[PDB]
Structure formats: structure tokens, C-alpha cells
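For reference, the structure I am asking about is given below.
With one protein chain removed, the remaining protein chains of the complex are shown where they sit.
Labels A and B are assigned to the chains in the order they are written; within every chain, residues are numbered from 1.
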Amino acid sequence: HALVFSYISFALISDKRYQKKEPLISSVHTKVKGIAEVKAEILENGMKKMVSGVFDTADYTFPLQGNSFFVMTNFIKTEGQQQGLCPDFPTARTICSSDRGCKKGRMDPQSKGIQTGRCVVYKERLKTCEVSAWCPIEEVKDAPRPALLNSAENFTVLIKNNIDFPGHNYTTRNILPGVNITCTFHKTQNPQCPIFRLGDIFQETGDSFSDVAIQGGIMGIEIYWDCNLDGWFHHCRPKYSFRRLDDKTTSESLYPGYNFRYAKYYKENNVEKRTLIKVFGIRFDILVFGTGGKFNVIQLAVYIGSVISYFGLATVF
Amino acid sequence: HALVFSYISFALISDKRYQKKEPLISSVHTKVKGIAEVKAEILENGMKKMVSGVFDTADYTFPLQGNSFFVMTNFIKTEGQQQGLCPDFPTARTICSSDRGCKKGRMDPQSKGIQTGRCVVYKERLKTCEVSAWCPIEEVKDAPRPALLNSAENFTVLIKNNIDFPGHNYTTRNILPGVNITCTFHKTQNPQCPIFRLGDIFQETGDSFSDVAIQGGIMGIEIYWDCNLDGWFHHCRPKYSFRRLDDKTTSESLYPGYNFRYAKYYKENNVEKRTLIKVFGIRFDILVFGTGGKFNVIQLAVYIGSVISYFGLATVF
Partner (left out) sequence: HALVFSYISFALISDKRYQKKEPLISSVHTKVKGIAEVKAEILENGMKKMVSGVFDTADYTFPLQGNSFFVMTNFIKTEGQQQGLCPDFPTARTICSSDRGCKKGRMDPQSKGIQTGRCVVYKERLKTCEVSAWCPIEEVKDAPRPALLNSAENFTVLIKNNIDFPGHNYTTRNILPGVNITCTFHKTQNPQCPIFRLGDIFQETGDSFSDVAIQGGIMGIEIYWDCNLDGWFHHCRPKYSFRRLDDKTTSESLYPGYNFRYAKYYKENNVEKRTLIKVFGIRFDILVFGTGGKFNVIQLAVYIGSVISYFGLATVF
């Protein structure tokens, strides 16, 4: 009988039924470091071109917005586009035998322009449907074989997190004072180091960083706060985990990976022009979840409220 | 008497008091499709101008940041601005009879520059207060009558959501494998289709897409997760709803609609210049709320704790 009430008291102790718990408030500030040297050969419009250059922080990333940041790992440039008419890029949907194959005004999800209803030669007696759009249309080409910014895994993101508990008067930050900032997070050797190498993140989740860096993906950093605001036992430290939020579908229809089309408008020869940059990379979403706990009498009097009935039926047997 | 305890047991079953519930973690990835052909006539500075051009994804949208994305539906361009002095645009506040009407250094919330304290002619013996700013000052003109990118309603946003339950070992995604991705969400015909036409969203909420697209607004996509992590009955699917978060005030003071001023800096003739683009559109905020539920003994022993007292008083009558 009494051991049953020690099981109730156990449920209280271990389940922290005596504590009030409150959802944590998270603010995030991330600063990434590293530079990537890009020397590769890439064929554009059937002509080989040499891509050489250095990429510093400004060239491959922007500031954190909404608790997530992005790291361009690959890209494709289509310079000199300008408003006009041009034959769409040859694909199963763009290729026409005669003017009747193209319907004027038609626009297909794969096309970047509105059809003109006319069939015209793209190259060497091979005709696609003419469209109106930014010309010439970007190639329906795959990303470079090895990701141009393959060095991305060697980069290091420094994460600084500030968690607040409105219910209590308690606020704290990921980086406690006086810690040795020279470190690299390790599941075991540096569980509280806020410097994270990207390749390490991809290994922890068991995903090859290069593969994802070719077409892009969405990684995810989780920060757990099981904080105890009690004077007796008080613990409040983060728990870093890693999960690949990216879907990994691998189906043209579900737009696999992570990539977006960036536009850089400029004027040349009194003409309105636009360089189009298809950008691939990993987007890192930082997910911070917390629960603050303190001693509460009302919760112990309600838990007592249930335990006194449980006690009456326990004594009835 | 016993029917009272069947009412308690009912409250348990229907209220899921036996389950532990946990807040869901949401990651969002949105890819929008569609292109808008813009041919319209718009008067700038008293002179008619012809706006013709095609707008692809890159021209009217940027990537999702913070679980929300934006779709430019209208705009106004003020090309060639450069640092200098110019007479402010004529309005009830800018118009002066004499140099005494303007105070040097004064800046009014409607003005885009600091007054020079001098009264100067803007056009045809009509004087406004001279200011220092990007010159010439953007017209205090209304947005184009029909939204230039009125085609926006025909666009389709594909939403991909990944929800995780840290408490459990359970993670899932909006798009289950093998589904027919060729679809358009319908309240009844496609409750799980993640392709959403914008016009459909505006109809569901009962707002004309054109009206909002003229001056801009903030729409809102809600995704409900009432997931049951029990082995007996396990359900975990999203519930799409639509709500217009935009205020719809219609008062100059409350800055109605959604619009922002974008700056494009460029150099011409060894001069620093800036094209100013007032941008109008709908911002789409994706709100994902979830609750995961599993069987918990401590909660059933505490609910039992209350139900045994309720039982004692029920028997006392």
C-alpha cells in the first residue's frame, strides 16, 4: 500500500508535477565565418567557360531573418537577359513541329515566358515555341557536377541564443561568461561550444554535405532548454541536436533541394538588362524549444487533490 | 449515479485527458510558380508612359524568410533620383505662400527630406517648401488603377511543411509520399493538396484579390495539426484555413495596405543616383499550430486522482 504512495510521490518527483512550466522565448544571432575559393570549368550555351574567384562572407550569405540563415553552395549565372521575344529552351514541352504546335499567349509551368503562338528554330533546324520573356531564356541545365562552393562544409557558424522566461524573472543566454570561445562543437567533447562546422552538422545527421550542396537542401539546428528555475536544483543549459528538415524528394515535380532565382537589374547601351542567378545552397533553420520550471503550491495542492482520492481508493482496495 | 461516472469517462475519452500533448515544431519551404505579363499605361509627372514587360518568379518575389513570403502585385518607379535640393511635392503640408512658411531644417512625416527653410516654385507659380533629399521627390500619386501585376491571383504557391514532435520520436511532413502532386487545393475536393492558387485564397476569405492587389495587403495561411500519436487511433494530417491578417483600415494615418520603398543605387556620369521603387503586394504569413498526443499513465493517474474525489462526493449525494 505505502509503496503505491511512494509511486505517486515518485511520479511527482520525476514528472515535476510540483513545478509550473512556461514556454521559452528565443532570440537568435548568427555570425558565419569562412571563405571559399572557386576555380572550376563550366559549360554555358555549349561553350566552355572558366569560373575563377574568391568568395568572402558578403558574397555567399545574408543576415539571419526569422531564426534561419542561408549559405550559397552552388549557382548558375545567365548574364545579359533583356525583355524581348526568343525561342524557348528546347524541352519535351517547348519543342514544336509547326506553328500550330504553339498557342499564342500560352504559358507552361516549366516556361519562363508567355508563348507567342509561333514555332521558331532554337538551334540547327530544331524548333521550340517562341515566347516573350527575359531573353535568352536560362538553360534547362543541371547544376555544376561538384558544387562550386564545395568548401562550404569547412565554414563555421557561430550561434548566440538569448532565452527569456516571462513568467519568472529569469533570462539567460547560450554563451555563459568567461567560456573559451576557441572550440568546435562536438557531440561529446564540446556539448556547449556554439561554433559549428557545417560538415560536422551534415555528418551528425548522416548526410553527405557535397551531395546536398550540389542541388541544395534545408538543414536544421535544434536547441533544447529543459531549465529548472528551482533554488534546490537549478539547471539551464542548451541541448544541440541536428535534423535534416529538407524533404529529399528527388522528383522534378516537388522542386527538390533548395534554390531560388535572383535578379540583378542593370542598364547597358541605354537598354534595360537583367543578369539572372539561379542560387543553390543549404538553408539552416534554428529551432529553439524551452520549458522553465519552478515550485508552485497550487499545482502541488491540485496534484495532492488527485492523490488524496487515489489515496482513498488505494485504501479501499 | 453510474451515468455520472460514464460522463466522467466520457470527458476523459473526448477531451483526451489520458494523453500528453506537446507543441509542434514547424519548418516551411514555399516555391511559387507563375509569370505575369504587364502591359499598361501610367502617367508619371504629368506625362503618359507605356509600361510593357514580362515578370517571371525572380522579378516579383524573394525567398521565404520567417514562415512568410511576398508577391509584388503593383508598383511605382521613380528613376534617376540623386542627392540634392528640390522643391517638395505639392501637398496640403508642403505648399507655401512665402519663404516664411518654410522653417530651415524642418522635417514632416509626409516629407522625404529636410526642409531648407525656403519657399520655391514646384510648377507654374505654385510654390512648395524646398527640401534636401533624393531629387526629384517621388510623386504623391496613387497606385495604378488596375494592379499592374493583376495576374497575381492566377499564381500558385506550393507549400511544403515539416512538423516535428520533440517529446515523442515522431516527425512528419505535409506532403506524404506517392501523392498526386498535380492538383489545386479545394476546401472539399483537395483538402490535402499543397498547391494553392492565390485568387482561391482570397475567395475563401471573401476578399477581392484585385482590390487588395491595388494597394497591397497581408494574407494568412493557417495549418492545423491535431495529431494523435497513439497506436490505437493515430491521425496526423494538416488542416488548411485562410484568414486576412491585413488590417484593412483605410486611413492615411494607419499606413493602409502593404507596401515598402525599395532603393536601387547606381552611378551615371560620375554621379551617385538612386531609382526608387514603391512596391505593393500581398505578404503571405504561414501560421502552423500543432498538438501531439500520446498515452500517459501519470495523466491518467492524476485524472483518476480527481475522479476518485468526484466519485466520493458523487456517492455522498
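We adopt the following convention: a contact is a pair of C-beta atoms (placed from the backbone, for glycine too) under 8 Å apart; a residue touches a chain by one contact, two chains touch by 3 or more.
One of A:2, A:3, A:92 or A:301 touches the chain omitted from the figure, and that residue is A:301. The residue from B:139, B:204, B:222 or B:230 that touches the chain not shown here is B:222. The chain that is not drawn here is touched, among residues B:57, B:65 or B:296, by B:65. Of the residues in chain B, those that touch the hidden partner chain are 8, 11, 15, 17, 23, 65-68, 70, 83, 107, 109, 111-114, 132-134, 218, 220, 222, 224, 243, 245-247, 249, 251, 253-255, 258, 260-263, 265-267, 274, 276, 285, 287, 289, 303, 305-310, 312-313. In the full complex, chain A touches the hidden chain at residues 23, 25, 27, 29, 31, 33, 35, 37, 52-54, 56-59, 62-63, 65-67, 158, 160, 162, 164, 166, 171, 173, 175, 181-182, 264, 266, 298, 301-312.
Operating definition for what follows: only the chains that are shown with their structure count from here on.
Here the CA centre of chain A is 20 Å from the CA centre of chain B.
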